[PDB]
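*Asks:* My request is simple: use the sequences and hints to build the entire structure.
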Amino acid sequence: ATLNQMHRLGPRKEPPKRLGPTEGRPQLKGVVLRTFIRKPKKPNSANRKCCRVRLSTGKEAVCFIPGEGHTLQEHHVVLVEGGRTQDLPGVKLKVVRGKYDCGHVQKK
Amino acid sequence: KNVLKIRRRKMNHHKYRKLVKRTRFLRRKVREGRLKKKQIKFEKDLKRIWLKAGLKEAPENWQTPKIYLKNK
Amino acid sequence: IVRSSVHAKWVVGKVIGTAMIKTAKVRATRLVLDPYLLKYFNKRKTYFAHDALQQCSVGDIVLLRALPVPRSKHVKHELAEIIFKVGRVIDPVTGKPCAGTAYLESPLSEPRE
Amino acid sequence: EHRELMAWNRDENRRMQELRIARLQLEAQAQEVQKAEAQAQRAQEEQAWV
Amino acid sequence: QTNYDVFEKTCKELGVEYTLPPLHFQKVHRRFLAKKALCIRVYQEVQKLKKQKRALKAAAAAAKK
Amino acid sequence: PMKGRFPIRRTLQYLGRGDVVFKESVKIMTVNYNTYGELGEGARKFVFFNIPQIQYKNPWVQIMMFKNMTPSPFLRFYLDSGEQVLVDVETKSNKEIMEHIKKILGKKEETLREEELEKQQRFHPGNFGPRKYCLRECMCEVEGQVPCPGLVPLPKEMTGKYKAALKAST
RNA sequence: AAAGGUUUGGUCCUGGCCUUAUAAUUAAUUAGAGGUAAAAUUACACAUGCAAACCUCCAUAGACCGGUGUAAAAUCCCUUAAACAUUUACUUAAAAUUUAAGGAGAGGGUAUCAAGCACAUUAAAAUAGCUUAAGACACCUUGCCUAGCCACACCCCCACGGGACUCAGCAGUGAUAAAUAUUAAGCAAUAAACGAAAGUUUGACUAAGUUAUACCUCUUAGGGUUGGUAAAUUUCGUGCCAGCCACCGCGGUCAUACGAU
RNA sequence: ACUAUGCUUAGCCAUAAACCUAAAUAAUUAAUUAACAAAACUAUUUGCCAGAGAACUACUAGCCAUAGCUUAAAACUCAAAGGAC
Ligand code: FES
Ligand SMILES: [K+]
Ligand SMILES: [K+]
Ligand SMILES: [K+]
Ligand SMILES: [K+]
Ligand SMILES: [K+]
Ligand SMILES: [K+]
Ligand SMILES: [K+]
Ligand SMILES: [K+]
Ligand SMILES: [Mg+2]
Ligand SMILES: [Mg+2]
Ligand SMILES: [Mg+2]
Ligand SMILES: [Mg+2]
Ligand SMILES: [Mg+2]
Ligand SMILES: [Mg+2]
Ligand SMILES: [Mg+2]
Ligand SMILES: [Mg+2]
Ligand SMILES: [Mg+2]
Ligand SMILES: [Mg+2]
Ligand SMILES: [Mg+2]
Ligand SMILES: [Mg+2]
Ligand SMILES: [Mg+2]
Ligand SMILES: [Mg+2]
Ligand SMILES: [Mg+2]
Ligand SMILES: [Mg+2]
Ligand SMILES: [Mg+2]
Ligand SMILES: [Mg+2]
Ligand SMILES: [Mg+2]
Numbered sequence: 031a032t033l034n035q036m037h038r039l040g041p042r043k044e045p046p047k048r049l050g051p052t053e054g055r056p057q058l059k060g061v062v063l064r065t066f067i068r069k070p071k072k073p074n075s076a077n078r079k080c081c082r083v084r085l086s087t088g089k090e091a092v093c094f095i096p097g098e099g100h101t102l103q104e105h106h107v108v109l110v111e112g113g114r115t116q117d118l119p120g121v122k123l124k125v126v127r128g129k130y131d132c133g134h135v136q137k138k
Numbered sequence: 129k130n131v132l133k134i135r136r137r138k139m140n141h142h143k144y145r146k147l148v149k150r151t152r153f154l155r156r157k158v159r160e161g162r163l164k165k166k167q168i169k170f171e172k173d174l175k176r177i178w179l180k181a182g183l184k185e186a187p188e189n190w191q192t193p194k195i196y197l198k199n200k
Numbered sequence: 003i004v005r006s007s008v009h010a011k012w013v014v015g016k017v018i019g020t021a022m023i024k025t026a027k028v029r030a031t032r033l034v035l036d037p038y039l040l041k042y043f044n045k046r047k048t049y050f051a052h053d054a055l056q057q058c059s060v061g062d063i064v065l066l067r068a069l070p071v072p073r074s075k076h077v078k079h080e081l082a083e084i085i086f087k088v089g090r091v092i093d094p095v096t097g098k099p100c101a102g103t104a105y106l107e108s109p110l111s112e113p114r115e
Numbered sequence: 101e102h103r104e105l106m107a108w109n110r111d112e113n114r115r116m117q118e119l120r121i122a123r124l125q126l127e128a129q130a131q132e133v134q135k136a137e138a139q140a141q142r143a144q145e146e147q148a149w150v
Numbered sequence: 173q174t175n176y177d178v179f180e181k182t183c184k185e186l187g188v189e190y191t192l193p194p195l196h197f198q199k200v201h202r203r204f205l206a207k208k209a210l211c212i213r214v215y216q217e218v219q220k221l222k223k224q225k226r227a228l229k230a231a232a233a234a235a236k237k
Numbered sequence: 002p003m004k005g006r007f008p009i010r011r012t013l014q015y016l017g018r019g020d021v022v023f024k025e026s027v028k029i030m031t032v033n034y035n036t037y038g039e040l041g042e043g044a045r046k047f048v049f050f051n052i053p054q055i056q057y058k059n060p061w062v063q064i065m066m067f068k069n070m071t072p073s074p075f076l077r078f079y080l081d082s083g084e085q086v087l088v089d090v091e092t093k094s095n096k097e098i099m100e101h102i103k104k105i106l107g108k109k110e111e112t113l114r115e116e117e118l119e120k121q122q123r124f125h126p127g128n129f130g131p132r133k134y135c136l137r138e139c140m141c142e143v144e145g146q147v148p149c150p151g152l153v154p155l156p157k158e159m160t161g162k163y164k165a166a167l168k169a170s171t
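Residue numbers (PDB author numbering), protein chains in the order written: chain J, 31 to 138; chain 3, 129 to 200; chain N, 3 to 115; chain U, 101 to 150; chain L, 173 to 237; chain T, 2 to 171.
Hint data in this document are derived by calculation from the structure and do not stem from the laboratory. Check before you lean on any hint, since a few could be wrong.
As the list claims (entries may be wrong) - Below, a sample of chain N positions facing chain T; criterion: calculated Cβ distance under 10 Å:
1) 11
2) 34
3) 35
4) 40
5) 76
Unchecked claim - With a Cα cut of at most 35 Å, we get these calculated DSBU-like pairs of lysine-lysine:
6) 199 (chain L) - 135 (chain U)
7) 47 (chain N) - 68 (chain T)
8) 68 (chain T) - 98 (chain N)
9) 143 (chain 3) - 129 (chain 3)
10) 143 (chain 3) - 166 (chain 3)
11) 172 (chain 3) - 199 (chain L)
12) 138 (chain J) - 47 (chain J)
What the hints assert, rightly or not - The calculated label-pair distances, taken between Cβ atoms and stated as ranges, are:
13) 23 (chain N) - 222 (chain L): 17 to 23 Å
14) 6 (chain T) - 61 (chain N): 27 to 33 Å
15) 163 (chain 3) - 192 (chain L): 57 to 63 Å
16) 176 (chain 3) - 222 (chain L): 18 to 24 Å
17) 43 (chain J) - 172 (chain 3): 33 to 39 Å
18) 164 (chain 3) - 173 (chain L): 49 to 55 Å
In this text, a Cβ means the ideal position worked out from N, Cα and C, and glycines have one as well.
*Replies:* See the structure below:
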C-alpha cells in the first residue's frame with residue numbers, strides 16, 4: 031500500500047477476542063446432569079469418561095473427567111476448568127479433581 | 129495446475145441450485161412477505177418525520193409511493 | 003477593539019461555495035503530522051465568511067479575518083482580501099496579469115491601461 | 101528590528117526584479133531574431149504552397 | 173481557472189453552459205428520492221404555517237394599537 | 002525498506018533539524034511554486050525538503066501551498082498586524098530560501114534559549130514525588146537518612162506496635 | 001525475538017497454529033517467623049453500632065474528607081469573557097478555585113449504519129440553503145487525562161413530583177460468585193471543621209488485627225517434570241484397554257510418552 | 001426424427017477460465033537467478049489481500065432482475081490448506 035493509503039486506513043483492524051467455554055473466567059461451578067462415554071475420533075481408540083453439567087451461568091456443557099476412575103453421579107457439584115480434550119471433539123471443558131464432590135484419583 | 133478448488137465450488141453451486149429448486153415455492157412466499165415488511169418500515173419511517181416536525185397530518189396531496197411492489 | 007477568541011485570527015482558503023446570501027463557504031487546509039508515518043498530510047476545515055459585497059466566486063483564494071463577535075452560529079469570519087481571483091490572477095512579483103505559468107501582459111512592457 | 105528587516109526584504113525584491121527584467125530583455129532580443137527567421141520560412145513555404 | 177475573460181467569451185459565443193462540479197455525490201434510488209421529497213414537503217408546510225401565524229399575530233397587535 | 006523517496010525526511014531527527022522558528026507575528030505562509038521549469042528548481046526542493054521542517058517547529062502556522070498559478074515562485078507571509086511580507090524565491094536555492102526567511106521572520110537564538118529556561122522554572126531537584134516529576138519519591142532514599150522500613154526493618158523502639166505495648170505495661 | 005516445533009515419499013516457497021519470556025486473578029498440592037505494600041465477585045438486598053460538629057445565643061461547618069465506576073465516545077490540549085457559595089489586600093488588586101461561550105490540532109468500534117431531514121444564511125424579512133465516503137447520521141462498547149481528573153450518590157438521565165423508599169462512609173450480614181480483612185483501638189502525629197483562645201470533634205487518618213497476592217530478611221521442603229520442541233527414567237504392570245498431550249503425537253505383548261516404582 | 005434456441009426488429013437481463021490468469025504511466029539494463037512462467041527492477045497514483053473450510057452461503061440494501069445479479073458475514077470444524085519442483 032502507498033503512504034497515502036496507509037494514512038487513510040491507519041492500523042489494521044483487530045477482530046475481537048471471542049470468549050470460550052468458561053466465558054473468560056478461570057473456573058465455573060456446575061451440577062452434573064448425566065454421565066456418559068464419548069468415543070475419540072480416529073486414529074485413537076478408547077471409552078473416554080465425560081459428563082454433562084449445568085454451569086453457574088445457566089448453560090449446559092460437556093466436560094471431560096480426567097484420571098483413572100471417578101465416583102461422579104447426577105446432582106453432584108464440580109468445578110470445571112478450561113482446556114480442550116484433543117481427541118474428543120466439542121469437549122472444551124474439564125473437571126477439577128479434588129474440589130467439591132469430585133475427589134482426587136485413588137492412588138494404586 | 130489442478131482444478132481442485134474449482135471442483136469444490138462446482139459442487140457447492142450444484143447442490144445449492146438443487147436446494148433452491150426444491151424450495152422455490154417456499155422462497156417465493158418468504159420474499160413477498162419480506163417486501164411487505166420492507167414497505168411498512170418505509171411508510172412508518174416517513175410518518176415519523178412529519179409527526180416529529182409537528183404536523184398532525186401528512187403534507188397535503190402526499191401519498192407514500194409503493195416502491196417495493198410489482199410496479200414494473 | 004478586542005480581537006476574537008477563535009484561534010484562527012487569520013485563515014487562507016479556497017471559496018468552495020457561494021450559495022448563501024452575503025456569505026462565502028471557504029475551505030482552508032493545514033498540514034498535520036501523521037505520528038506513525040511522520041509525514042504531513044492536508045487537514046481541511048470549512049469557514050463561513052461574511053462577504054458584504056458578494057464579490058466572491060467559487061475557486062478563488064481569499065483571506066478571512068476573525069470577527070470580534072460571531073455574526074451567527076457559523077459565521078465568525080469576514081472577507082479580508084481576495085488573494086487570487088479565479089482565472090484573473092495578478093502576479094504579485096511583477097504585477098502583470100497572468101494565465102497560469104505565463105504572462106498575459108509582458109513585464110517588459112508598460113501598458114498603464 | 102522588524103522594520104529594518106522588512107526594509108531589507110523590499111530591497112532584495114527590487115534587486116531580483118531588476119535581474120528579472122534584464123534576463124527577460126535578453127530573451128526578447130533572441131526570440132525576436134528566431135521569430136523573424138521562422139516567419140521567413142513560412143513566407144517561402146507559403147508561396148510555394150500557393 | 174486560467175483566463176476567465178476568454179472563458180466568458182467562449183461560452184457566450186459557442187452557446188455552451190458550464191455547470192460547476194458538485195462538491196458531494198448524491199446517491200439516487202426510489203427509497204431516497206421518495207423520502208427526500210417528503211422531507212422537502214414537510215419543511216415547506218412547517219414554514220408556511222409559521223408565516224400565517226406571524227401575519228395573524230401581527231394583525232392582532234395592530235388592531236390593539 | 003522505508004517507502005517513498007528520501008525516506009530520511011520521515012524521521013524525527015530530520016524534522017528537528019529545522020532552524021526557522023517564526024516570530025509570534027507570523028500566522029500564515031503561502032507557498033506559490035511551479036512544478037515545471039528551470040528557475041523554480043530551488044522552490045520545488047524547498048517544498049520537498051524544507052516545508053516539513055518548518056511546520057514541525059511552527060505547528061500553529063498555516064502553510065498552504067498553491068501550484069502553477071503564477072509565472073514565478075514566491076513566498077508570502079501573513080502577520081497578525083495585517084502586514085504581508087512577500088518574498089521572491091526564483092533562481093534561489095532551497096538553502097538560500099531558508100536562510101532568507103530565517104533572517105527576516107525568524108526568532109534569534111538568544112530568544113529561544115530564554116524561553117527554554119522559563120519552561121523548566123518549576124522543576125526543583127530537591128522536590129520529592131513520583132518519578133515522572135521528581136528524582137526521589139521519599140527521603141528514605143537519601144543517604145544517611147533513616148531507610149524505608151520495607152527494605153530495612155526499623156528498630157523496635159521506633160515502632161508503634163512496641164510503644165503501645167509499653168503504654169499498656171506502664 | 002537471536003528464535004523454535006508442526007503440511008511432503010522428498011525438496012523449496014507461501015502460510016496459519018503452537019512453544020520458549022513476563023505479569024495478575026482463581027483453583028489443586030504444600031508452607032515456620034518477622035518487616036513492608038495491597039486487599040478486589042456483585043450500582044444485588046441490607047439486621048445492628050458508629051462515620052459532623054463547634055460555640056456566650058447570632059453565625060460558620062455538615063458542599064469537604066471518604067465511596068463507587070452509574071452514565072456517557074463520552075475527552076485531551078488551547079482561546080476568550082465573567083464572576084466566586086472564597087482568601088488576603090485596598091477603597092481599590094494579587095491569588096486560589098470555578099462557571100459560560102468557544103476551537104489550531106488530536107480523540108473507540110461497525111459502512112451489511114449511506115444518507116441525515118431543518119440539521120442554513122440574510123435581516124426590506126427574503127434566499128434555498130446546512131452536514132456527509134476527508135465517514136455525516138444511526139447503533140454498539142468503554143470511565144481517562146493518572147502528583148491526578150471526570151461522572152454518579154436508593155430508583156424514575158433530572159427530582160417540582162412520583163415510586164419498587166437508601167451502607168457505591170467504616171465494620172458487618174443475606175443472597176449471588178471461581179473470587180471470603182476487624183460488627184477492632186486512638187484523636188498522641190498530619191489533614192479538615194469550629195472557636196479570639198486555652199481547646200473540642202472526626203470509621204479522614206495514625207498505630208494495630210486478618211490473608212503466601214507481591215517485595216524484603218531468615219529458616220525448614222515442598223511442587224512439578226523426565227518421547228521431540230525442552231533440562232532430566234530404572235524396573236514392572238497394562239496391551240488401541242486403562243489412560244496421556246500446549247503442538248507433533250503415544251498405547252493391539254521388549255511402552256525412555258499410560259499407571260506404580 | 002423433431003422442438004426451445006441460435007436469425008430480424010423493439011426492450012430487458014448484466015453474467016464468463018469477461019484470463020496476456022501481466023492495473024496504468026515514466027525510467028534503467030548494472031551498480032539482478034526461491035522454483036516455474038513472461039529476464040530483473042525503481043518511482044508515482046488508485047484498487048485489492050491478511051490460514052483453510054463453512055462461503056459464488058445467511059442476513060442487509062439497490063436493481064425492468066422473482067428458481068436472478070451485485071454487495072457479503074458469523075457461529076462451528078480443522079492444523080493445516082495452498083504454489084513450484
Ligand atoms: S518509601 Fe520511603 S519510607 Fe518507605
Ligand atoms: K493411537
Ligand atoms: K512456521
Ligand atoms: K442518576
Ligand atoms: K489528632
Ligand atoms: K513392558
Ligand atoms: K509415566
Ligand atoms: K514417574
Ligand atoms: K486465458
Ligand atoms: Mg461443499
Ligand atoms: Mg486462593
Ligand atoms: Mg476523594
Ligand atoms: Mg457502564
Ligand atoms: Mg448483515
Ligand atoms: Mg439521581
Ligand atoms: Mg445499595
Ligand atoms: Mg448515603
Ligand atoms: Mg460497606
Ligand atoms: Mg481475593
Ligand atoms: Mg481559626
Ligand atoms: Mg500425566
Ligand atoms: Mg510430555
Ligand atoms: Mg426451430
Ligand atoms: Mg464477476
Ligand atoms: Mg475473450
Ligand atoms: Mg455466479
Ligand atoms: Mg447469492
Ligand atoms: Mg441475499
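*Asks:* All hints are to be evaluated individually against the structure, with a verdict given for each.
*Replies:* Tested hints:
The beta carbon of residue 11 (chain N) is positioned within 10 Å of a beta carbon in chain T (closest approach about 6 Å), and the interface hint is therefore held. For residue 34 (chain N), the suggested interface contact is upheld, since its CB lies about 9 Å from the closest CB of chain T, less than 10 Å. The interface hint given for residue 35 (chain N) is met, as the beta carbon of that residue sits about 7 Å from the closest beta carbon of chain T, less than 10 Å. The restraint placing residue 40 (chain N) at the interface with chain T holds, with a minimum CB-CB distance near 4 Å, inside the 10 Å limit.
At a threshold of 10 Å, the smallest CB-CB gap from residue 76 (chain N) to chain T is about 20 Å, leaving the interface hint violated. Proposed proximity of residue 199 (chain L) and residue 135 (chain U) is contradicted: the alpha carbons are some 55 Å apart, above 35 Å. Distance check on the hinted pair: residue 47 (chain N) and residue 68 (chain T) sit about 20 Å apart at the alpha-carbon level, within 35 Å; holds. About 18 Å separates the Cα atoms of residue 68 (chain T) and residue 98 (chain N), which keeps this hinted pair within 35 Å; it holds.
At most 35 Å may separate the alpha-carbon atoms for a hinted pair to count; residue 143 (chain 3) and residue 129 (chain 3) meet this at roughly 25 Å. Among the hinted pairs, residue 143 (chain 3) with residue 166 (chain 3) is consistent with the structure: their alpha-carbon atoms are about 30 Å apart, no more than 35 Å. For the proposed pair residue 172 (chain 3) and residue 199 (chain L), the alpha carbon gap of about 22 Å is at most 35 Å, so the pair holds. Note on residue 138 (chain J) and residue 47 (chain J): the hinted pairing is violated, with a Cα-Cα distance of about 43 Å set against a maximum of 35 Å.
Roughly 20 Å separates the CB atoms of residue 23 (chain N) and residue 222 (chain L), a value that falls within the hinted 17 to 23 Å. Distance hint for residue 6 (chain T) and residue 61 (chain N): a CB-CB separation of about 31 Å, consistent with the stated range 27 to 33 Å. Our hint of 57 to 63 Å for residue 163 (chain 3) and residue 192 (chain L) is violated, since their Cβ atoms are close to 40 Å apart. Between residue 176 (chain 3) and residue 222 (chain L), the C-beta spacing of about 21 Å keeps the proposed range 18 to 24 Å intact.
The hinted range of 33 to 39 Å is satisfied by residue 43 (chain J) and residue 172 (chain 3), whose Cβ atoms lie roughly 34 Å apart. The hinted range of 49 to 55 Å is satisfied by residue 164 (chain 3) and residue 173 (chain L), whose Cβ atoms lie roughly 53 Å apart.
Hint compliance for this structure: hints 5, 6, 12, 15 are not met, and every other hint is.
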